[PDB]
Each structure stands twice: as structure tokens, then as C-alpha cells.
Amino acid sequence: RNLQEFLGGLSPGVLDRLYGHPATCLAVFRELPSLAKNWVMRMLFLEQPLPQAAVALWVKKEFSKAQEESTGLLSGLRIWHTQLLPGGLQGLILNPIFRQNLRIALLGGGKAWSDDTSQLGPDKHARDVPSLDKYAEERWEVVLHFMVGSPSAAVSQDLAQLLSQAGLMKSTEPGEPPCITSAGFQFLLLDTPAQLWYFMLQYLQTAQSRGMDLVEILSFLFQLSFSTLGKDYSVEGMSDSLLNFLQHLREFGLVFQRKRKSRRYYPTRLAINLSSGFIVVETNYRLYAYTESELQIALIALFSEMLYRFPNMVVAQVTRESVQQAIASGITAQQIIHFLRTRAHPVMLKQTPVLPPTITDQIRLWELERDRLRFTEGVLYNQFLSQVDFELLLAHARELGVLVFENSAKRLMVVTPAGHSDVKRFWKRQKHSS
Amino acid sequence: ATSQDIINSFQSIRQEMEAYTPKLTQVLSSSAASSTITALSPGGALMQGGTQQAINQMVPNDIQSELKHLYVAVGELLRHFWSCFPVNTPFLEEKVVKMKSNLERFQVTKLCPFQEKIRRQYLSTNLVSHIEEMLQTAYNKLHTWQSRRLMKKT
Numbered sequence: 017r018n019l020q021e022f023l024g025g026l027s028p029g030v031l032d033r034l035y036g037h038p039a040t041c042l043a044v045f046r047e048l049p050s051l052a053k054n055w056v057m058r059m060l061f062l063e064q065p066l067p068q069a070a071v072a073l074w075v076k077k078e079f080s081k082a083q084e085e086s087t088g089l090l091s092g093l094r095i096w097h098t099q100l101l102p103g104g105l106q107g108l109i110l111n112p113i114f115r116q117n118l119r120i121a122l123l124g125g126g127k128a129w130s131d132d133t134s135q136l137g138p139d140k141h142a143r144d145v146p147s148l149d150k151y152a153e154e155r156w157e158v159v160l161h162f163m164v165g166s167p168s169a170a171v172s173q174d175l176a177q178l179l180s181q182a183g184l185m186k187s188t189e190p191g192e193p194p195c196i197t198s199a200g201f202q203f204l205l206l207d208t209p210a211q212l213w214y215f216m217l218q219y220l221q222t223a224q225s226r227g228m229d230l231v232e233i234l235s236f237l238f239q240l241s242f243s244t245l246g247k248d249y250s251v252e253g254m255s256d257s258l259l260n261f262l263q264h265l266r267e268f269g270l271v272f273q274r275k276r277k278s279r280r281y282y283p284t285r286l287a288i289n290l291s292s305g306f307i308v309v310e311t312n313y314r315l316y317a318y319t320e321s322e323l324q325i326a327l328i329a330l331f332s333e334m335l336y337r338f339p340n341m342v343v344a345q346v347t348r349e350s351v352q353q354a355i356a357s358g359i360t361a362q363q364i365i366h367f368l369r370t371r372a373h374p375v376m377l378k379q380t381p382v383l384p385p386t387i388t389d390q391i392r393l394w395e396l397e398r399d400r401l402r403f404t405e406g407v408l409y410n411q412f413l414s415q416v417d418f419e420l421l422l423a424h425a426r427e428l429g430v431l432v433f434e435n436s437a438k439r440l441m442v443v444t445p446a447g448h449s450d451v452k453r454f455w456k457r458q459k460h461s462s
Numbered sequence: 395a396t397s398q399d400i401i402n403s404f405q406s407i408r409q410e411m412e413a414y415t416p417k418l419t420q421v422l423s424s425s426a427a428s429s430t431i432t433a434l435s436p437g438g439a440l441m442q443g444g445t446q447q448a449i450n451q452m453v454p455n456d457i458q459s460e461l462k463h464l465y466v467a468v469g470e471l472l473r474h475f476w477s478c479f480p481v482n483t484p485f486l487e488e489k490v491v492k493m494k495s496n497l498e499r500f501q502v503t504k505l506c507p508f509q510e511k512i513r514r515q516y517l518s519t520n521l522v523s524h525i526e527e528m529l530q531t532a533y534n535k536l537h538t539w540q541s542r543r544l545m546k547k548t
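Chains as they are written, first to last, in full-length UniProt numbering: chain A, 17 to 292, 305 to 462; chain B, 395 to 548.
Taking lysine-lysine and the DSS-like style, the derived pairs with C-alpha atoms no more than 25 Å apart in a straight line are:
| hint | chain 1 | residue 1 | chain 2 | residue 2 |
| --- | --- | --- | --- | --- |
| 1 | B | 417 | A | 53 |
| 2 | B | 494 | B | 546 |
| 3 | B | 489 | B | 535 |
| 4 | A | 127 | B | 417 |
| 5 | B | 494 | B | 547 |
| 6 | A | 275 | A | 140 |
These are computed hints drawn from the structure, not numbers from a lab.
Just chain A, same shape as in the assembly:
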């Protein structure tokens, strides 16, 4: 799920409250399609609505589908609203609050997003960008290891409960550590920015359980997205509810902070990417990974056979058996292809496409091997003496929506086990009624 899908399902009041922050409006704007952005920019300095036909005539006829999609997305996001123009026409004008906040974010005005930074002067224990990146990577690796369940990863109980709520892991028995499910493997195979966004969406969905304001959290997250790397900001100016969210982000590695009582916080590279190579793939089904961390080694070994582990290199072979085992574990071939494409070494970027077509085709064909046979439990009816009798029962089964397979030539039909009783009762009644 993406940002637009979540925003579409929100109530109009929540969307209106979201636009009150200049950072939120910019984040929504950058998620719009290319055609929509031009329309928004054109209507930026308009105080009167425009006719729908006039807006529609801007784009050529051949590209009308894209225009319709952009208009529908804008209406769903409530960026602009249809206005009852005098004379029976419908006028389109941007939301005044959204337009004002967008102009403030672009032209300028009001106060800064953050309170201040030079009030406390230079930081006594300021870190460096490589140190922040190392801290974020260590936190993310600790989280992912705790997903696996290694004793080396120790996190808060609230994080474990949140992971359980996300469905990644289940605790069959209290006290014993939870076991990661197939959805956990699929999430692990996902790209890190995708993983961060999915986790944040789950947090937003479950925030109502903790009594936290969705609008404030979204605005703060969007503000963090546009923050400059290596520059700190004042913690003060936020509610105590936002303090818990900030501490959770610090636990997740998005934001660095020396102490809980500290008034400074340093956004990391992960936080910036929240708004949105080391593997060399060879035609002989070999992966050469330039990684040292156990996380990438485990991820690669999930769907491949390891051969050599040099201190700064991993040589693995993608075999049919390993891919079949990984798919039986619950990972689809598309996820594997996407993971390989994302971690692609910069050298492979020259090739078009980056991943050789033969390897992707072979992986997809290996995926189809497991599901060659289709199994559907049901009850077969083959005792039809008359063609007309078969047709009526087939129509009744289709009405009940329990039909699986039909064959009018041989008068054969298959029904679901749940619907077998209903069809049997109907057939008994029809004979009695006859």
C-alpha cells in the first residue's frame, strides 16, 4: 500500500486538517502524477473556478485517459473541489487552505517548520553523517534480527507486540518467543524504504489504539521527510504524545538522539527516504554480493545456495531446488526479482535491462512448477438422466455461487463442499415437487 491509497480512505476532515501544515502539502504534491502537478501549478494563482470543459480541453483527445485518472486522483485527495459556478456550469478551484499552505511552502511566509536551532548553540556531543548512517543501519539490522528471533537482538516489548499486530510473527504460547510467519519472510524480502513505509502505515492504522493524533503524526513525519541530513532540530514545541512517537522512531533508527531528555534530534538518511547496490548477477545463475553483514547473507541464502564467503564477498548459486524451497517458504518469484533488481550493483546498471532476461524467465518458470497441479475439493454430480434436469440444477448452483467446474456435453458438474447440502436439498425438493 502507498500513501495515496491511505489518503483516499481518510475522512474529508482529516484531509483538511492535514493541509494545515506546509510540509504536508508539498509531500502530497510530489506524489501526484506528472500531469496533475502542472494543473496544480497553473491553478496556483487563481481566485476563481474554471469550467470543467476548459480544463479538459488542455490535454489532447488521445491522452484523455491519463487526464481522467489525474482528475479522479485529485478529487479523491480533495486537493480541489467542484464549485457550483453560476449558469449551470461546474467550476474547479483548488482548496484555499491547501493553496495557501503550498504558496507558503514555495514562496515563503510565516514561521519556520522547526522552532529554532541556534538557541542552544553547537551540540556538545554532535556526531557525523557516517556515524548516523552506521547507527541507523545497526538499528535496522537489530530490528530485522529480532524478526528472525536471534538472541543477539533485544528490543522493547511494545515493538514485539506491534510486529505481532502486523501479522509478521505469532505467539502461540505466552512466554515463549514468537515465530516468524510467511508474511514475515515476504516483508523481509521487501526493500527497506518499502519496509519503512509499510511499518509506518501499520503504525498509523493502529495509532487509534494508543490514542495518538493521526494528523500530528503525519505532519511531523512529512516534516522529517524534507529535513536536511546532518542538521538537528529542537524537540520542544511538540505534545507529549508526539514525544512517544519520536522515541519509537529513535528506537527504529529513523532519528538519532543522544538521550531521552535531550532537546536535539538528528534526522538520518532513512528518515529522508521515508517519503518515497552490491549484488552482481551472472548469466550462469551466480550471485556475487559485496556485503559483510549477516542480514544480507541470510536474505540471499533464503532463495539461493551459498558457495563461498570471502571476508568482503559472497558467492552464491541460484539453483532450482533453492528457489523451490524459498517459494514453499512463501516468497513469490516477483518479490525475488524485485529484490535482485533493487540491490543490483552499479556495474549491472549499464545493461538494459539490468537483470538478464534469461535469469528472470527461469525464476518465473521455476515458480510455476510448484502450482502445476490445481486442487479444489468438491462434490461431483453425474447421475443426470435428462439434459433439461441438469441445466436447472447447474443454474441453481451458479445462483448459489458454489459451482467449480461444469461440462454440459457430458452433464457433469462440481460443487463446493459447503454448497453440497444446499444443492442436495434443492434436488430433493424438485423431485418431490415433480
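Mind docking chain B on chain A? Use the hints.
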């Protein structure tokens, strides 16, 4: 170009831009944007969509055949005239005069009834104007050459 007023203007603009501050509201106004969109809307000044909208169906083919015949005749006569040009021998001097007389006779015989027909039917296209431009250019060139010939004899 001009006198020291150019240096005065340079100094004035330098002084004005010495104290320069960016503006946000002053960049545009709602009226200006609305006027620009109206101009950029289809059928506007910059977006004139007509551009001989139905010229394929306007000025029907009966006129079009006559227009093509007139174009061919004018092209042939002007080709003869420009082949005669330049006049380097006294023999061609009379030939150019005869060609001009033939051009005038053809114009009076055809274009004037054509102009009357266009005025009666009120065609919006200025088909006559382009033909007049070529004839006017030829007449001007002939008059200029005659004047230069007179200059050589002075």
C-alpha cells in the same frame, strides 16, 4: 546609441538593484493569471484555433479550379517576365513592356471579375491579396529597373 543618458540609465538600474529584495505577492495577481489563461485558452489571441477552419470546404472547388487556373496563368506570365529579366539587350526592352501590358490585360480580365465574385459571395479568405502581391512586386521591380535605366542615361 544615445548620449550619456545611457550611462545615466545604467547607474539608475545599478542603484535600484543594489537594494533588491525578493517578493512573493507582487510577482503575480489573480487578474493577471486569469487574463493570461484567457489568452492561452483555445480561441484566444495566442491560441487562435480557427486558422482557416473549414478552408477545405469553404471557397468551393468551383472557385478552387478557377483559382488554380489563375495561379498557373500568373506563374507562366511571371516566369516569362523573369526569364526576360535582366534586360541586357535593347530587343528585350520591348518584350518586357509587352509582358507588362499582357499582365495588366489578364488582371483586368480575370482578377476584377474574380474580386467581384468574391465580394458577392463574401469569402473570408484573401485569395486575391497574394496574387496582387506578386503582381505588385513585379510592377515595382520593373519601375525600379526603368528608373535605373533612366539614371544611366543622365
